[PDB]
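Peer 1: From just these sequences and the hints, can you work out the full model?
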Amino acid sequence: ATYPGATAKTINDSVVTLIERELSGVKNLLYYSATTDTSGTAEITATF
Amino acid sequence: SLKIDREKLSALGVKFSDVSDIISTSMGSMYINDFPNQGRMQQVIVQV
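Protein chains in written order, with the authors' numbering: chain A, 47 to 94; chain B, 719 to 766.
No lab work stands behind these hints: they were computed from the structure.
Any given hint might turn out to be false.
[As the list claims (entries may be wrong)] What follows is a set of in silico ranges between Cβ atoms, one per label pair, in the way DEER data are often shown:
id : chain 1 : residue 1 : chain 2 : residue 2 : range
1  : B       : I763      : A       : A47       : 21 to 27 Å
2  : B       : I740      : A       : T84       : 45 to 51 Å
3  : B       : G757      : A       : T81       : 16 to 22 Å
4  : B       : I722      : A       : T87       : 48 to 54 Å
5  : B       : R724      : A       : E66       : 45 to 51 Å
6  : A       : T91       : B       : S738      : 44 to 50 Å
7  : B       : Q765      : A       : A47       : 45 to 51 Å
8  : B       : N755      : A       : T81       : 20 to 26 Å
From the three backbone atoms N, C-alpha and C, an ideal C-beta is built for every residue, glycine too.
Peer 2: Following this line, the structure appears as structure tokens:
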């Protein structure tokens, strides 16, 4: 996901907290991590 | 259920969209956007 021009801390609290709170319980999800960088990109690797 | 007397509305000179707004909004409990409450984005709901 990309939030064109936002403080990493805003992207995490606004575009990653949601998916975090929802992305779960899917078939055989082993562990899911997420990382939001400077440039406004947040990527979430879910390993099943 | 209600019966908006259209004749009166025109006779009274009141827009129909305003009556619609007033009813819908008077009962709805609409949600607007979030706000940061102790580190978590929580909703801001409005309601009669």
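Peer 1: So which hints don't hold here, by number, going up?
Peer 2: Violated hint: only 7; rest satisfied.
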